[PDB]
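Before any questions on binding or motion, here is one chain by itself as structure tokens, the form deposited in one PDB entry.
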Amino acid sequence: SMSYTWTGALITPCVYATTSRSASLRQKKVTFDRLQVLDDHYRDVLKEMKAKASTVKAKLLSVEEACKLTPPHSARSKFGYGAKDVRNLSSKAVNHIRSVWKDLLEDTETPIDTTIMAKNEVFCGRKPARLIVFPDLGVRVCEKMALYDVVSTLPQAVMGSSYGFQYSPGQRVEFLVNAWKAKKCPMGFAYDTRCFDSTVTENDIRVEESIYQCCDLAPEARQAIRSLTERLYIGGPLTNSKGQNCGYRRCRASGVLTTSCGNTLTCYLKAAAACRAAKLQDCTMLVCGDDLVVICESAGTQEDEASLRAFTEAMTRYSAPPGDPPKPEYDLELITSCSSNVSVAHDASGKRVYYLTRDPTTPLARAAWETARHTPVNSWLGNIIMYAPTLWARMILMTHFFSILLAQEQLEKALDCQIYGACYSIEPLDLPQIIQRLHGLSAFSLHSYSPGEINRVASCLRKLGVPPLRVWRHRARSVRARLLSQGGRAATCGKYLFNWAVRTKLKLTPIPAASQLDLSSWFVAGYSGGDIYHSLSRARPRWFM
């Protein structure tokens, strides 16, 4: 069947930013009939995944628990209530949610409506806008009730160490390094599927439900998963922001709670089966939605290229064809996945420290957009958290935004930021404790960065018209002195985040309050399009902190 069908009605709106104008270019790319052929390897991997899903027990979330997971800027319902009313348990929101739940239990077939919109992302010719497909707020709260506990428990039980969303950046690096080191002669590659969401078939969506159905589930959760699969996840009608019928979808909706979990399971299933078809030796896989990395035993240059072509042919039969063909790599640092690569630096005692970095062009361009225009959900803060050990995040992002926060007297104001998938409510004053937990204490002492990494950063600044690194050091000394003078958490930001800026660096001790941070909800599962709100909370705060 066709991934999408269009009525011709426009996808209406609600250093460039992608707009509704280019939506038509994306529609042509994502629209095609799918060809899928399954085999024994696919069937065997599926049964193995189901045997692991069989060990899971999931709970049904209450209306209140689901309501409290709704982000404050979450799209309002077409039934006269918004995210605020949901979060406050307003009688109107709750009554509509309970009626939507009841309708999921009683109607097993009627397709559920979705809104189709062009996403506005900043980029540095110009690429078309990505499309977002999501059901009404009431349905989204119901999705959390039935499946929040499934999507946060099941993927790790099924995929184990291959499940990408269970790791802090520090744990992710450690996993990749250990897997690389475990091979006699390692080879690794990134596999990129062309329009993954469009390649997801109705059968893939039912196979995914067959995995969810192996959980111990409450009867209402079992029925809601069944109804949601048939009425929403396999496909349904598309409506634009003006309420006009846009067409029909028979592929993955990018804005449902199961998008991230579903894509990870599907990509893992197809890839693990394609590893067997290609006869790749001693595979270690890492899967993040549609992003896949395979680390294995090299069998020689020609052998490796041949096995990759066989892998690609098996992925293609499973309806996962590639965008760019995979390339074998013989250095862990040469693999690019999730726009990132591993690099190494030294801590304060000369010991090696591995870390994740990326080309800083897009993060810096988006931070420039966000300093120009007010944006309810930022990427700069997400880039600071994710890339805290990098030279560019420390010297430029931290310096620039802490000087703004000092000037606006907004150091204590919690901000919403997006990191890959999910939405996080963070107080900039908590950045030292967050960084220490995610990256370790060495993130505040890294030096001896690689020439390639220093040169990529310096060239990026020249190309973007950003002042050179020596200006950033002078600005950080001033920012640091002012933060120190404020005491408490502000002085900790000055001392830890800007220790790189002083000639004689201070000896840094662990932050005591870093121990009390509850970060379980952060790196448990992926919620890209899932509509999940994460607000930082601390258990047992000491009086002297």
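Numbering follows the first chain given and starts at 1. Take the two forms, superpose them, and find the largest set of C-alpha atoms that agree within 1.5 Å; that set is the rigid core. Compared with the form deposited in another entry:
- Comparing C-alpha positions between these two forms after a rigid core fit, one residue in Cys423, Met398, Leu308, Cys288 moves 2 angstroms or more. It is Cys423.
- After superposing the rigid core, the Cα of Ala23 is displaced by less than 2 Å between these two forms.
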Second form
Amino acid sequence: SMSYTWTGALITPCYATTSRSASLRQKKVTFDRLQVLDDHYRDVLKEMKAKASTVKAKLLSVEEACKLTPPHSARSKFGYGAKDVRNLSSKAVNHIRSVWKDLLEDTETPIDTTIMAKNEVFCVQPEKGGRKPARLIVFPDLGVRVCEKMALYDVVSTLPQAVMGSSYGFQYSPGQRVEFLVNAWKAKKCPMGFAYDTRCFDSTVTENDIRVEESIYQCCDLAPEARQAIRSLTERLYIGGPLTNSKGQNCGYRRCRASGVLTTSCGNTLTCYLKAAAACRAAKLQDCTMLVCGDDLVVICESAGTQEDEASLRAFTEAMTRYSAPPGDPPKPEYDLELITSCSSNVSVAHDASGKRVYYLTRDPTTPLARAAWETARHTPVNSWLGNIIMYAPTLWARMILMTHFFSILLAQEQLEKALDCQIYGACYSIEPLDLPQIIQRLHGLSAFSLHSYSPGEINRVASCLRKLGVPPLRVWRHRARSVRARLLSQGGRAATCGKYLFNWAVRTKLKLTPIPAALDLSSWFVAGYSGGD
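Okay, that's the form deposited in one PDB entry, but what's the structure of the form deposited in another entry?
Here you get just the chain by itself.
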């Protein structure tokens, strides 16, 4: 069936992406899906369903569901917002209760969704390729989104780990992700790895995929109202429905994955895992270890020789294409783990204070830096820079640029103690910058504060990126960090800890860094989300 049908009504508005590029995105995401399933697919599905059979899921109350709403979640077309939802205002609660009643009473009627162009910031790259068109966001009304949480919040936050075990990427800190990847690479006699890029994953998700996904959820022990809501949400919302623009006009019809529903992340992970695990069998890949984050997939296996590995990747791709997951860029076998990019990241090596070889996740800093510059220039509720400092804390660029830059601004504005909103792959947090040392030690290890002897390629990538962007060189950042370190230490308390742990790299006469006294429960900085709510 067609992933999308359009009426002609434009995707109207509410470098940076706008509605002016939506037309180009529509062309890319609009195609017919031809899915052919086989025994391997059926076999993996039964195996996944047998694991889901062990899960018991709770049905959340309206209030518990309200308390999980992102503070910045899009407003309801029925006179209430995320603030009203989080405060349990009578208008919000009463409207949500009537939505819930309709989900239990009406099993067929498609639920309306809003189609919108995403405003994302990317960097002005005129060399190998041009600009990117805006992504398309599809979401139901706020009321429906609170109802999804009642029926499925417990499912989506318990089922994936039960079904996929160690293959489920979202259960990991960046430190645990590198450990998993390195351990899996070390455990192969002759390792080979590859990342699989699916072209427009959301668009490739068929009605059958969404029904197979529901067949997995149905395996949980569920409250009857939860069982009916999952059934009603599958037919009325998840499989597809009408698209309405910002001006309230009939835009078209969706028959694929909506990006803004609670099950997007869980569903894409399950669907990606199922197709990939079945494709590994069809390709006859030996001893696979997979890691799945939504549509993002890495496979690590035993090499069967250079030519044989090229042929097995073609068979993997053939199988994925049959399952309705065609490639964007054709996968390539890699025989060095650093060369694989997964979750926009790659493993690199450095050394800690003791001289020990340590592995960490890094990426091209262009996008993180350009996004941080934009945030410095304009008022933004979500601070991608804080997310980036937290997730890439061991990197040369997050340590020397982002940490130095933001701690200097925060010291100057007297805002070190001010809690900031932070979104990481749909999990919302509220973090005071003064608490960053303890968080970094939990997420990455004590070594994140003493990494040095970075790879030359990595050093060159940061240095070339700064030149390209007009950012002062690393020498300027070292000077600037010595200043910030001095003003932080002079303050004592948490500010001194920041100075000590975060900026030890900037000094010639380094301090010996021991485990932090305040280290640890992360879901304490938790406020809303876990890959679902707006």
